[PDB]
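**Q** The primary structure of each chain is shown beneath.
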Amino acid sequence: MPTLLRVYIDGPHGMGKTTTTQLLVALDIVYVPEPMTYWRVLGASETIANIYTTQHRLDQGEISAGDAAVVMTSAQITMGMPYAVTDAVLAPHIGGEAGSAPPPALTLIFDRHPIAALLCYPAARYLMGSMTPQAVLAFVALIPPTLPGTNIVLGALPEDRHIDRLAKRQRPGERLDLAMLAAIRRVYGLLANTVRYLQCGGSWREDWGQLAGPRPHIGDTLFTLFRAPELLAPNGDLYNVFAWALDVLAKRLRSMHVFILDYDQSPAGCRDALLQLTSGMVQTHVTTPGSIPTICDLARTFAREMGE
Amino acid sequence: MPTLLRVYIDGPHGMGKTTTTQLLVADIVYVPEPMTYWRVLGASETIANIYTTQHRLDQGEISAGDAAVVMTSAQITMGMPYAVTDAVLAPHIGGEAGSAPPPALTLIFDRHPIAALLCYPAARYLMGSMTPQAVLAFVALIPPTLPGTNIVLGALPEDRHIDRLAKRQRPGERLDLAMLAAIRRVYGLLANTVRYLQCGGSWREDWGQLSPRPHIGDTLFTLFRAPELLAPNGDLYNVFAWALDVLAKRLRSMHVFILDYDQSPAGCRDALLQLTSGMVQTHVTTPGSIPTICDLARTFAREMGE
Ligand SMILES: Nc1nc2c(ncn2CCC(CO)CO)c(=O)[nH]1
Ligand SMILES: Nc1nc2c(ncn2CCC(CO)CO)c(=O)[nH]1
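Respectively, the protein sequence lines represent chains B and A.
FYI, in the authors' numbering the residues of the first sequence are 46 to 72, 77 to 149, 152 to 262, 278 to 374.
FYI, in the authors' numbering the residues of the second sequence are 46 to 71, 77 to 149, 152 to 263, 280 to 374.
FYI, nobody ran anything at the bench for these hints, they're computed from the structure.
For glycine and all other residues, C-beta sits at the position ideal for the given N, C-alpha and C.
One thing to keep in mind: the hints can contain errors.
Covered stretches of chain A (in silico footprint by chain B; criterion: 3 or more residues with CB under 8 Å from a CB of chain B, positions within the stretch not fixed) [said to hold, decoys possible]:
hint	segment
1	89–101
2	235–242
3	305–318
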C-alpha cells in the first residue's frame with residue numbers, strides 16, 4: 046500500500062524549529082503548522098500571553114500558587130486542543146510500519164506532538180510551581196495511544212545561544228523567563244533519556260528506590291520529577307493512582323522513534339541536517355488506499371485555518 | 046481466553062446507581083467512586099470547589115471567566131481516575147465474544165470516562181461556568197472506545213430525582229436544581245445520540261436542520293451550535309467539527325441500556341442483573357489478564373473509594 050512517513054519536530058521553543066521545517070518542506078510533503086490562531090483567537094484569547102502573565106503574577110507574589118495553578122492548568126487544556134484532534138482523526142488511516152526504503156507517498160511534518168501539550172510543557176510548569184504533579188499526571192493519563200511510525204525530532208541548542216535567541220524575540224505575549232527556558236530545557240532532555248532508558252529496557256518500578279548509547283539512571287529520566295510529597299503515601303510509596311499513570315507515560319513513550327537534530331547552525335544546515343535524519347525514520351502504510359488524500363486535505367485544512 | 050463483562054453504571058447523580066450497585070455485590079467486582087481522590091489525593095475537596103464556584107458565579111460574586119477557569123481545572127481532576135483506569139485496562143480487552153458466557157469475571161464500574169470527559173463538562177457549559185471550546189478539548193481526549201463497552205443510564209422522573217438527589221449528596225454539594233436540569237438534559241440527549249449514530253445518522257449531513281432515528285436537535289451535537297464555535301459566516305470551524313467527528317466514532321460503538329430507577333432498591337438492583345443478559349462480553353488478551361484485572365478493581369477500590 047502507499048506508505049506514509051510522519052515526522053514531528055518538537056523540543057523547547059525558540060530554537061528555530063519552524064523555519065527549518067519550512068525550508069525542509071519548501072523542497077509529497079505537507080506541513081501541519083503551530084495553531085497560533087487557536088491559541089490567540091479560536092480557542093480562547095491570547096492563551097500564550099495569558100500563560101506568561103500568570104506565571105509572572107505568580108513570581109511577583111501577587112497571585113498564589115493555587116490561582117496560577119488553576120489558571121495554568123486550564124490554559125494548557127487550550128494549547129493541546131489542535132494536537133489532540135488531529136491525532137484522533139489521523140489515527141484510523143495509520144496502518145502498519147514499513148521501513149525508513153526511499154520514498155513514501157506522503158510526508159506530514161508536524162509542529163509539536165500531543166506529548167508536548169499533555170506532558171512536557173505542564174511538567175515544566177510544574178517545576179515552575181505554577182502547576183501540580185497531580186494535574187500533570189492527569190494529562191499524562193490522557194496522552195493518546197502511540198501510533199506506529201511516530202518519529203519525534205527533539206532539538207539541541209547551546210544555552211547561551213538559546214537564551215540569546217529567545218532574547219531577540221519569539222511568541223506574542225511571551226516573556227523571557229530564563230528559569231522557564233531552563234525547566235523546559237530540562238524536561239526535553241529527560242524526555243530523550245526517558246525514551247532511551249525505556250527502550251534499553253528500564254523499569255522504573257524496580258529503579259524507583261534508586262530515586278542511543280548506555281542506559282540512563284532512572285534518576286535522569288522524566289520519572290524523577292514525580293517523587294513528590296503530594297504524590298506519596300504515609301508509607302512512602304507512590305499512590306497506585308499516580309504509579310499507574312507513570313505506567314502509561316512509559317507505554318506512550320516506549321514506542322516513539324526519537325531523534326536529536328542539532329540547531330546550533332544555519333537555517334540551511336538545519337534543513338540539510340534534518341533531511342539526513344528523515345531517511346532513517348520509520349514510515350507506515352495507510353489504512354484506506356484513499357487515505358493519503360484525506361490525510362493531505364486534513365493537513366492543508368488545519369494549516370489554512372489554524373496557521374499564524 | 047476467558048471472557049470479561051464490563052458494566053459502567055452511569056447516568057445523572059442523585060438517582061441511586063451507587064445504592065443499587067453495591068447491593069448486587071453484597077465473578078463480580080465493583081470499582082467505586084474515587085472519592086478519596088476528589089477530596090484528598092488529587093486535590094482538596096474538589097466537589098465543594100465545583101459547587102462553590104458555580105455558586106459564586108450564580109451569586110454574582112465572581113465572573114463567567116473566573117468560573118470557567120476553575121471549573122475547567124476541576125473536571126481534569128474529576129475524570130483522572132477514570133482515564134488512568136481505562137488506560138491501564140485497555141490492553142487486557144480482547145474482542146467481543148459473540149455476546152460468550154458465563155464470563156470469567158464481571159467488572160462493575162461506577163461511571164465512564166465520558167461522565168468526566170463529555171457529560172458533566174457539557175452540563176457545566178450549559179451552566180455558564182465552562183466554555184464550549186473547553187468541552188471539545190475533553191471530547192477529543194475521549195479515549196478510543198474498547199470492545200465490550202456497556203453503559204447503563206438511569207430513568208427516574210424529575211420530582212423523584214429531586215427527592216433522591218436530596219437524600220443526601222456528597223461532601224461539599226449544594227442542591228442546584230438547575231444543575232439537575234442541565235445534567236438530566238445531557239444524558240438524555242446522549243441517549244438519543246447513541247441511537248442517532250446507530251440508525252445511520254450523519255451530523256455533517258444533518259447539521260443544517262438546527263437552523280428510524282431521532283432529530284439532530286435531540287442529540288449532543290445541537291449543543292455545539294455555540295456561536296463561539298461558529299465562523300463569522302455561521303459556519304463551524306474544522307477543529308470543532310473534528311472534535312465532533314471524534315465524539316461520533318466514540319459513542320456509536322457503545323452499548324447503552326436503560327435502568328428505571330423509579331422503584332425501590334433491589335427492585336433496581338434486580339433490573340441491573342436482568343439487563344446483564346444483552347451486554348457484550350469480551351475475551352481477555354492474556355492468560356493472566358482477569359487476575360491483573362481483579363487487582364486493579366480492588367486496589368482502586370481500597371485507595372480511592374471512600
Ligand atoms: N502548552 C504550553 N506551551 C507553552 C507553555 N509556555 C510556552 N509554550 C509554548 C508557546 C510558545 C513558546 O513559549 C511556542 O508556541 C505552557 O505553559 N504550555
Ligand atoms: N465530573 C464532574 N462531576 C460533577 C460535576 N458537578 C457535579 N458532579 C457530580 C459527581 C457526582 C457523582 O455522583 C457526585 O459524586 C462537575 O462539574 N464535573
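**Q** Which numbered conditions among the earlier hints are violated in the structure presented, ordered from lowest to highest?
**A** Hint 2 contradicted; others consistent.
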